[PDB]
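J.: These are the residues of each chain, in order.
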Amino acid sequence: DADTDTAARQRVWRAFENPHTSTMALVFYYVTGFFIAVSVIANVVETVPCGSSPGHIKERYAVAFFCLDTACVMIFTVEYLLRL
Amino acid sequence: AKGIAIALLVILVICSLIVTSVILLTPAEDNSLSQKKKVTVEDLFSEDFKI
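Going line by line, the protein sequences match chains A and B.
FYI, the numbering for the first sequence is 136 to 219, going by the working numbering.
FYI, the numbering for the second sequence is 15 to 65, going by the working numbering.
For reference, chain A alone in the conformation it holds in the complex:
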């Protein structure tokens, strides 16, 4: 009956940890979830032979995926840093 009640720079924290309060918190929440999803999809489609295997030694092996994780990782850091 009396667990919690909804009650500055720290204020967005309540918005941040309750993303269904403000538009900016909700959009950041959804987009970082999308980033987690796209990073794991990048990993799995890296593992497939068509992407990162010598399927055609004669000729593809994209090293562009080596960027996709890093950016995503850095993105995640900021919200962690936000929680710092």
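Don't read these hints as lab results, they were simulated from the structure.
Do not rely on the hints blindly, as some may be mistaken.
With a cut-off of at most 20 Å between alpha-carbon atoms, the simulated SDA-like pairs for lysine to any residue come out as follows [to be verified]: (1) B/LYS50 with A/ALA143; (2) B/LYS16 with A/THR158; (3) B/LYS16 with A/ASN153.
Got chain A; can you put chain B on it based on the hints?
T.: Coordinates of chain B only, in the frame set by chain A:
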């Protein structure tokens, strides 16, 4: 809600375009050299093959 979805669309198109630029700039080589030229009848009868 749906305006927040528009905000998602804007942020995702920005990030997608910037990472597309990143993956366009990173492959500095983006090129390779294939096999050389084989020998045909014209090559035998080409002036270059004259002894």
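J.: If a hint holds in the structure, say so; if it does not, say that too.
T.: We went through each hint and held it up to the structure:
This hinted pair does not check out: B/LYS50 and A/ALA143 have alpha carbons roughly 69 Å apart, beyond 20 Å. Between B/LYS16 and A/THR158, the direct Cα distance comes to roughly 10 Å. Compliance with the 20 Å bound is thereby established for this hinted pair. For a cut-off of 20 Å, the pair hint linking B/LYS16 to A/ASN153 stands: about 18 Å separates their Cα positions.
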